[PDB]
Amino acid sequence: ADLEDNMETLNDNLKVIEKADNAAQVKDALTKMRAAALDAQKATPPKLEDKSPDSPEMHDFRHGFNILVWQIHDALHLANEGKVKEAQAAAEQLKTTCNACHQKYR
Amino acid sequence: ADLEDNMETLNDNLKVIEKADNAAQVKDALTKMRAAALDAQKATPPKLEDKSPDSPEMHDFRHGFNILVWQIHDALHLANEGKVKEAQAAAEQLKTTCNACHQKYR
Amino acid sequence: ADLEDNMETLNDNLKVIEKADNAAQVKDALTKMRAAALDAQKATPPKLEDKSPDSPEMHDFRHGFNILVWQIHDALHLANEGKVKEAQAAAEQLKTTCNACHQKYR
Ligand code: HEC
Ligand code: HEC
Ligand code: HEC
Ligand SMILES: [Ca+2]
Ligand SMILES: [Ca+2]
Ligand SMILES: [Ca+2]
Ligand SMILES: [Ca+2]
Ligand SMILES: [Ca+2]
Ligand SMILES: [Ca+2]
Ligand SMILES: [Ca+2]
Ligand SMILES: [Ca+2]
Ligand SMILES: [Ca+2]
Ligand SMILES: [Cu+2]
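Protein chains in written order, with PDB author numbering: chain A, 1 to 106; chain A', 1 to 106; chain A'', 1 to 106. A prime marks a further copy of an entry chain.
Each statement offered as a hint is correct.
Sample of chain A'' residues with no beta-carbon within 12 Å of chain A', all distances over it, derived:
(1) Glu4
(2) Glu8
(3) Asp12
(4) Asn22
(5) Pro46
(6) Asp50
Pairs of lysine to any residue residues, derived as SDA-like cross-links and limited to a Cα-Cα distance of at most 25 Å, are as follows:
(7) A:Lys51 to A':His59
(8) A'':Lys42 to A:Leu38
(9) A':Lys15 to A'':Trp70
(10) A:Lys32 to A':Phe61
(11) A:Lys42 to A'':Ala35
(12) A:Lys32 to A':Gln93
(13) A'':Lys85 to A':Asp74
(14) A':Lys32 to A'':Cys98
(15) A:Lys42 to A':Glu57
(16) A'':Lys32 to A':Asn80
(17) A':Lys47 to A'':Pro56
(18) A'':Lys32 to A'':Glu8
(19) A:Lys42 to A'':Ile67
(20) A':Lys42 to A:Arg62
(21) A':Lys85 to A:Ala35
(22) A:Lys104 to A'':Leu3
(23) A':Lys32 to A:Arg34
(24) A'':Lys42 to A:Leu10
(25) A:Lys42 to A':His73
(26) A':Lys32 to A:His73
(27) A'':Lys47 to A':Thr44
(28) A:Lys83 to A'':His73
(29) A'':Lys51 to A':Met58
(30) A:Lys32 to A':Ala89
The set of hints was computed from the structure by calculation and includes no laboratory data. Every residue gets a Cβ at the ideal spot worked out from N, C-alpha and C, and that includes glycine.
With these hints in hand, go ahead and build the complete structure from the sequences.
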């Protein structure tokens with residue numbers, strides 16, 4: 001997928017996670033987010049097409065998904081255990097990471 | 001290790017995983033695959049020696065191991081739990097990822 | 001944080017882990033190490049300021065944290081399970097990875 005299909009996959013599944021009722025549904029939505037975040041790590045954001053492919057800011061932009069992918073990983077494991085409320089809370093606190101990168105390059 | 005020693009480590013341990021009987025053996029072979037996949041992520045594939053070190057295709061080639069390393073991670077956790085059959089099935093479905101990258105740069 | 005604040009976070013938490021008594025304390029210190037190791041992956045080490053931003057040695061330097069981040073991950077999961085002694089032993093065997101990179105670029 002391209003960058004914004006991924007971004008609309010991170011967002012849709014955030015709402016799904018906040019509204020889910022069993023482990024399976026949270027586990028399902030986080031698994032999608034992780035694939036999306038990894039695929040996103042390829043792309044070149046609009047704001048940085050006018051700069052060099054290995055701009056430091058292009059490296060800052062890839063590092064931001066590592067933070068994100070590692071927090072989906074913790075969230076996912078809570079879900080695999082069945083601590084649904086804890087998994088829901090972890091997913092909710094991802095918006096810090098989404099919106100840190102957002103104000104830089106969005 | 002170099003690129004093809006790693007590739008022959010991914011392959012040998014695939015057969016090992018498909019033929020194992022306890023959690024320990026699957027866990028052992030997947031742990032080897034993860035080290036191999038990470039070490040592989042360094043290398044420069046033959047097909048891309050004649051292109052620039054930061055070719056997009058050299059970045060596509062490193063991204064492919066992330067997909068791979070993250071699916072070994074799930075497989076490994078099933079094994080740590082003891083769901084041997086589920087871990088065996090996850091390892092089997094890695095060949096999609098092996099052969100996606102393969103037709104591009106192998 | 002900058003590179004050496006991260007390095008002094010990896011070190012402080014190593015001692016903390018070796019001296020902890022419950023799962024929670026090990027889990028706490030490893031979680032800090034993982035954030036530190038990821039943040040460190042950005043930086044450019046002193047020894048390699050006088051070389052190109054995408055030196056192979058600058059790529060070797062980022063690969064070293066993957067090895068490190070993936071071994072904190074295993075350690076952390078032992079701690080989440082409550083195998084404190086096993087988690088303590090995993091953290092102790094990280095110094096191989098710390099000191100492999102150290103003799104290259106420290
Ligand atoms: C950088 C490391 C980012 C992280 C982490 C997240 N997002 Fe993101 N986002 C980023 C960029 C550069 C852009 C602009 C891309 C563009 O096409 O203009 C975006 C955009 C979005 C969007 C809008 C999609 C669209 O149709 O325009 C959404 C809905 C979005 N981002 C959501 C989102 C969520 C929920 C995140 C955390 C889970 C998240 N993003 C992380 C860069 C980055
Ligand atoms: C790219 C991201 C790859 C992934 C993921 C996997 N492989 Fe791979 N493989 C890749 C390249 C560029 C090459 C050519 C390297 C060369 O030395 O010519 C290969 C090669 C192999 C081989 C052959 C080893 C040899 O002696 O020539 C094998 C056995 C192999 N690959 C196996 C394999 C398996 C089982 C994978 C999934 C677990 C896998 N590879 C992933 C690139 C990539
Ligand atoms: C490279 C991939 C490294 C890994 C993995 C670890 N360290 Fe490291 N370390 C690295 C460099 C290039 C440097 C020099 C940076 C500098 O500021 O000079 C260091 C330095 C340290 C330090 C000293 C901090 C200071 O105030 O100078 C410490 C205490 C340290 N490193 C500890 C440490 C530990 C405990 C590690 C494993 C858990 C570890 N490092 C990994 C590069 C790399
Ligand atoms: Ca949209
Ligand atoms: Ca609900
Ligand atoms: Ca509901
Ligand atoms: Ca061979
Ligand atoms: Ca068998
Ligand atoms: Ca057998
Ligand atoms: Ca110091
Ligand atoms: Ca003690
Ligand atoms: Ca004590
Ligand atoms: Cu895990």
